[PDB]
Every structure is written in C-alpha cells, then in structure tokens.
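S.K.: Using the sequences provided together with the hints, build the complete structure.
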Amino acid sequence: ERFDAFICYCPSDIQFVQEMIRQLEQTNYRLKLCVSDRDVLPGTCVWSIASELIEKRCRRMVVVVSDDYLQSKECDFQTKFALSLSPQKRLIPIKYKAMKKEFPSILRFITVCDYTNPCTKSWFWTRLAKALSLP
Amino acid sequence: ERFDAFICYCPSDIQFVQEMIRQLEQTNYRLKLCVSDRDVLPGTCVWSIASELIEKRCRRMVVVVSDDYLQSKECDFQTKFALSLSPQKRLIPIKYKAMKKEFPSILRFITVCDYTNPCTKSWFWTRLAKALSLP
Amino acid sequence: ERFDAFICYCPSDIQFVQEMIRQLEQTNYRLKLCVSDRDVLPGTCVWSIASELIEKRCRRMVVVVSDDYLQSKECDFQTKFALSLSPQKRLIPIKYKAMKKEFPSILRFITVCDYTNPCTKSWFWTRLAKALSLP
Amino acid sequence: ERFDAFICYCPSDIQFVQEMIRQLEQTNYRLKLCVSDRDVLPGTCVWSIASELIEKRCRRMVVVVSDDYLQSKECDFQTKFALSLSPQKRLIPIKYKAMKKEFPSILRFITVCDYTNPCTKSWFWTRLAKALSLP
Amino acid sequence: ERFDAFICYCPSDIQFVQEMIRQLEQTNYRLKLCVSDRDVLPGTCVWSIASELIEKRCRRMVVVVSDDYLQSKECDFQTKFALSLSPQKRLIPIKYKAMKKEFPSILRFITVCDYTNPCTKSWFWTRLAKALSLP
Amino acid sequence: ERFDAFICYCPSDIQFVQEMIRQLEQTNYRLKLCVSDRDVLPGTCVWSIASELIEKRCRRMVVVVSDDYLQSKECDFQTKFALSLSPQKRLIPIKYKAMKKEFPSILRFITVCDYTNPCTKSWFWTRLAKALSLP
Amino acid sequence: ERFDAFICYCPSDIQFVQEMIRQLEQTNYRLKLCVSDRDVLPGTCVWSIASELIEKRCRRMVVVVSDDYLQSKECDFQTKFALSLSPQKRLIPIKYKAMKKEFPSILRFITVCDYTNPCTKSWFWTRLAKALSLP
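Residue numbers (the entry's author numbering), protein chains in the order written: chain BC, 159 to 245, 249 to 296; chain AC, 159 to 245, 249 to 296; chain AB, 159 to 245, 249 to 296; chain BB, 159 to 245, 249 to 296; chain CB, 159 to 245, 249 to 296; chain BA, 159 to 245, 249 to 296; chain CA, 159 to 245, 249 to 296.
Be aware that one or more of the hints could be misleading.
Stated by the list, open to error - Listed next, the in silico DSS-like pairs over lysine-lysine satisfying Cα-Cα at most 30 Å (straight line):
#1 CB:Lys214 with BC:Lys250
#2 AB:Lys190 with BB:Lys238
#3 CB:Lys214 with CB:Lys291
No lab work stands behind these hints: they were computed from the structure.
M.R.: Right under this line is the structure:
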C-alpha cells in the first residue's frame, strides 16, 4: 500500500535499481521503494500511476538521471508532474554514471546526489538513506 | 465452460503458449486458459468466438505481441473488440521476443509485461500469475 | 435519439450522402439517417459510436462501397462489428461509381444495390427506400 | 474567476483565437474563455496555471491542433495533464488548417471538430457552441 | 524613501525606461520607480544598493530583459539576489525587443510580459500597471 | 417567407455572394438573405419581385457594386425602386473589387462598405453584420 | 456615443491612423477617437455625420494633412464646417510626411503639429496627447 519513494528510471538502467534495493531494503534500514516492474500489475492505465502512486501513496520521488533518461517521455511527464506538486525536499536527483551530454536544465536548482566522483563515495549511501528516512 | 483469460496469438508463436500452459496450468496455481487450437471445435463461425467467448465466458484477454502479430487481421479485430468492451485491467499485453519493427500504437497507454530484459526475468511469472488470478 | 440506418462512408464520398439525404429525408418518405458529420458532437470517444449507435439506436447499416473505402480502417472495424451482430437484412451495400480495384471479399454473399448500370437506374431508389422502411 | 473552457494554443495561431472570441463571446451565446495572453498577470509561475486553472476553475479544455503545435512543450504538458484528469467529454480537439505532418497519436480516440472541409462548414460553430455550453 | 519597483536594466536600454516613466509615473496611476541614474547619489558602495534598496525599500523588481542584458554582471548578481529573496510575484520580466540569442534559462518558470508581438500590444500597459499596483 | 436583406447582384458576381452566405448565414449570426437564384421559383413575373419581395418581405437591400453592374438594367430598376421607397439606412452598397470605370453617381451620398483596401479588412464583416442585424 | 476627437483623413493615409490608435487608445491615456471606417454603419447619409458627429458628439477635430488631402472634397467640406463652428482650439492639423505641393492656405493661422522634422520627434506624441485630453 504505502511507500517511501517512487523511483523514476529509464528501463536501460535497472542494474543500478537492483543495487539500490540491496543497499536500502535488504539492509538494516527497512525502507520500501515502489518499483514499476515489481509492484504494478499489468493491464493498468498510465494516467493512474501519477494520480494515485505519486500523489497519495509515495512521499518522495527519486530521479535516476542518466544519458538515456533524455530520450524517454514518461520520465519527462512524471518529473514535471512531481514538480507541479508543491504545497520538504520532495525530489531527489541521482547521478551515477559518466554522462557526455548536458544535464537537464529543469533540475539545476536542486542539489544532486553525485556518485561518479572517486573521492566522495563514502558519504553517498549515508546521505541518501538519511534523506529518504526523513518525515 | 468458464475460463480466466482468452489468449490472442499469431499461429507462428505457439511455442510460447505451450510454455505458458506449463507455467500457469500444470503448476500449483490452477488457472484455465482458453486456447483456440485446443478448446474450439472445427466448424464454428468466426463471429461467435467474439460474441460468446470474449464477452460472456472469459474474464480477461492476453495479447501475445510479436513481429508476426502485425500481419494478421483476426488479432486486430479481436484486440479492437476487446478495447470496445469497457464498463479492472481487462487487457494484458505480453512482449517476449526481440521485435525489430514498431510497437502497436493502439496499446501504448497500457503497461506491457516485458520478458526480453535479461535482468527482470525473476518478476515476470509472479506478476503475470498475480494479475490473472485477480477477480 | 432513434434512427433507421447508420451510414458508413469514406470522407471523400460525401457528395453522394448529400444526395441520399435529399432523396430519402427531404422527400415524401420521412426517413432518419444518422450521419457522423451531422449528429455526433465533437469530443466523443470512438469506441462509443459502435457500442451505442450501431448496437441500440440504429436498425440497419448502409455501407457506401467505393475505391477509397479500401484504405480507411474505421470503416473496416465498423463493417466487421456490424457483421458480428447476428441474432432481417441488417447490412445494405451500395455501389455508385466505377471501381477499378477488386470488390471486398467480405461482402460477396450479400446482394449489392448497384447504381452504375445505365439501364437499371429506375429501380434503385424505390428498392432502397422499400428496404430501409421495413421493420 | 470561473470560466467554461481553457484554451491551449501555440502562440503562432492567435488569429483563430481572436475569431473564436468574436463567434462565442461577443455573440448571443455568452460564453467565457480563459485566454493566457488576456487573463494571466505577468509574474506568475507556470506550475500554478495547471494546478489552479485547468483543475478547479475551467470545466473543459479546447486544444487548437496545428502544425506548429507539434513543436511546443507547454502544450504537450498541458494536454497530458488534461488527459490525466479523468473521474463528460473534457477535451475538445479542433483542426482548422491544412496540416502536412501527422496528426498527434495521443488524440486519435477522440472525435475532432474539423474545419478545413469545404462542405461541412455550416455545422461547425453550432456543434462547438452546443458542446461548450453543456454542464 | 519608499518605492514600488526597483528597475534592473542594462545601460544601453534607457530609452525604454524613459518611456516607462512617462506611462506609469506621469500618467494617472501615480507609481514610484527607483531608477539608478536618477535616485542614487554618486559615491555610494555597490553592496548597499542590494542590502537596502532591494531588501527593505522596494517591493518588487522589474527585469528589462534584452540582448545586452546577457553581458553585464551587476544585473546577474541583482537578479540572483532577488531570486534568493523568497518568504507574491516579486519578479517581473519584460521583453520589448527582437532578441536573436537565447532567453535566460534562470527565468523560464516565470511568465514574461511580452511586447514585440504586434497583436497583443493593447493589454501590455494595463497588465503591467495592474501587476505593479498590487499590495 | 420573411427575410433580412434582398441582394441585388450581377450574375457574373455570384462567387462573392456564395462567400457572403458562408460568412453571414452559416456562421453564428443566423441571418436570412433572399437570393434570386435560390429562393425564386421559375415562371414568376419580374414585376412581382419588386412589389412583393423588396416592398413587404425584405427589410434592407444590399447592392453588390462592380464593373459589370453598370451594364444590366434589372439592377438599375431595382436600385431606383429601392431609392423610391423612403418613409433607417435601407440601402447598403458594397465594393469588393478593383473597378476601372466610374462609381455610380446615384449612390454618391451613401457610405460604401469597401473591401479592396488591404489595411481595413478586419472591420468589414463586423460592420456589415452589425448593420444588417439592426431593426 | 461620445468621443474626444473626430478624425478627418484621406483614405490613402490609414496606416498613420492605425498608428495613432495604438499610441493614443491602446496606451495608458484611454482616449476615444471616432474613425469613419470603424464606427459608422453603412447606409448612413453623408449630411448627418457633420450635423451629429462633429456638432454634438465629438469635442475636437484632427485634420491629417497630406498630399492626397488636396484632392478629396468631403475633407474640404468637413474642414470648412469645422471652421464655421466658432462660439478652445477646436481644430488640430497634423503633418506627418514630406509634402511637395503647397500647404493649405485656409489653415495658415493655426499651429501645425509637425512630425517630419528628425530632431523634434520626442515632443510630438506628448504634445498631441496633452492637447486632446484638455476639456
């Protein structure tokens, strides 16, 4: 029923989401993350997963930014529907890979949780799990 | 008499349907799937399998989308007759193979149950059997 | 509300439909023909004009067969939905022009009301108005 | 305050909107249409005109489809936000000009109110004003 | 002492500011606009006109966007200092000329008060004077 | 029976009258214009269309002035019969084309509704429909 | 009903009148100018626009002097009818273009509001709007 974070990801980047499940769910933190290919029954309509999941069930939204994120359209609509909801840091962008294109200009005024820097990798999962566990 | 899911498939893709029978009928789930080459006596008229089976006997319909699905016409009429029935997720599209053409534009607003992704194959049959077993 | 005949036509052949309105409605026969560009409000969904008009409101269906009829798809679905309804001569095909392609093979077992023959044109409108006015 | 129809249009097509104001507001129908360049004070935020105008103030939405409609992004987000609202024919697409590209595939299952056909122009404004005036 | 709107402009665009003084001050609206070359004594320090004028004296800020606006740095710092103040539509961007470069990406989520459109020029000054006169 | 405006035109200028029907009848104004080639049965006498139509049925008269208007005689007699009726602006002259002869000297003391000026074309149809709709 | 200034112009000079409407009506001055091709219904008599408009409705009269002004006769009669009314500066002549003929000798004892001088163009619209707004 309830969750803690909807996860918006391109389908070419599920190896990172499987890592996130291991680090945040199967660890001693006990967090619940709604993943689309795991908690959504087939046959649903697309306009209900924005009006029911992102609106009334999840509390935050994690945007897995990548290079193939800039080609899909459902991620664009879900990102803009999340930004349209503003009454608490309700949008967390994550960069994990070497991008060679431009960053999304919509997200330039939010602080990204970077992973590709080979000197700051000790603070990543602690900051992320402290962010998601906040009320 | 009654069923749980009509199955709409091209005749060049029955090796997958034979696998589906093994995974959903001969397993501990006990589901009943109406297959055309197994439960329809020869000599019937084509306009009765849409007015009697899909209307009053089956409860859902599973569309085995493929590359040779885009050439047959009975699958087109049965898909559109299923979409014309709307009073519950009464249409489940399944992709199982590497398609090289375009996806059907009629089905773009329903969530597909994908199988060709080599990282998500553990959730496939559980999601499908949880979807078909719903009232 | 009620009607007497739904009219299925390609949009490139409305000059004949305007003639049919003059010969069957504005004449001393007093028939009511549901035309799509005249009795359907914009904003409707396409899957309701087959489930409500052809099913429960009109009593027959007139198929204006032509050369550009073989390219549209909504006429194909409406023709096959009309043929799927069989409990009374509930489908009347009309040929009015010199076709250079093949006749539709779906309609070969129904008697066409031909118009292009320059010797039989006296019986056309009388036969058509006697057919449509039957209960 | 209240309205009857939000109007979604590309800024290169305001000559048609000025005609629509003359035919629907300054005529004997007395309809109120919220236009962006006429009723929105400058300095507003873009994410409030979807959460306040389209949600709680207007009752329907008129999409002026054109060739330059396929390049803007705010019309894409407003169209998809309108489609995401589904509890009454709450979306009316209008074609008024000779398009040379493809029609939008998102809107193929709603009936368009066509204007470029030189034989049906007598029914256009009557159908449109009967549609907008419905409760 | 008090004002109603600080005006941030490039020094190559004072002919428009002189027009704005005629249309908003010397007209029957009686508005007070703090202009830098008219109300600031020489010899002041630059870091006081942001901490005293924009903070505690003016109520809004009008950004005269142009092509030479993208080269100055004091306008960049004053724009970002205005955006950093967020407790009411406290920033009004104005476009008056044909720009050939890109719009500033910082201001894309605020509604611009456009002037170069040759069909909407009747609403410009009324909207602007209704915006500035609000409490 | 009743009308709003008799229309006096040379038979070489019916393409403009067909445009006038589209702009004033098939639009949201609902005006009725008596046209000779559309509402007069053949076999009538010419001296009754001036004693019955222009006298007791129509309320105004629209004179489509052109270059070939100066050759017909029935337009001369109908214009002079209209001028002989004076008890309200009961005669509206319309110029739509580049004339190379002289204007009619009989009509020099009435204000013409000009159309060939390429700067005033926005006011034409609004002025004409406001004139014809007056009691 | 009421106005502020009748405008007497040759029909070959309406591009300047369209500019005057933008500078005096659609600006923050809110003046009302009676233009003949915009506020006079067709079918009126010419001898009423001097006895009703210039006499009892407008308060001043603006004479757009030009080179083609010296060929029309209605401007001559309206100028002399305005001069015959003398009980307040009730006649304002405007020169805007390079004339190559002589100035009108009737108007030599009134001060012209010149526009073609490339050094005095800053005072033009302010003087004109201060003149027209006087009681």
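S.K.: Now tell me if each hint is right for this structure.
M.R.: Evaluated hints:
1. CB:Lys214 with BC:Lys250: holds (29 Å)
2. AB:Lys190 with BB:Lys238: This hinted pair is violated, its Cα atoms lying about 39 Å apart.
3. CB:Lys214 with CB:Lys291: holds (22 Å)
When the structure is compared with the earlier hints, a violation turns up for hint 2 alone.
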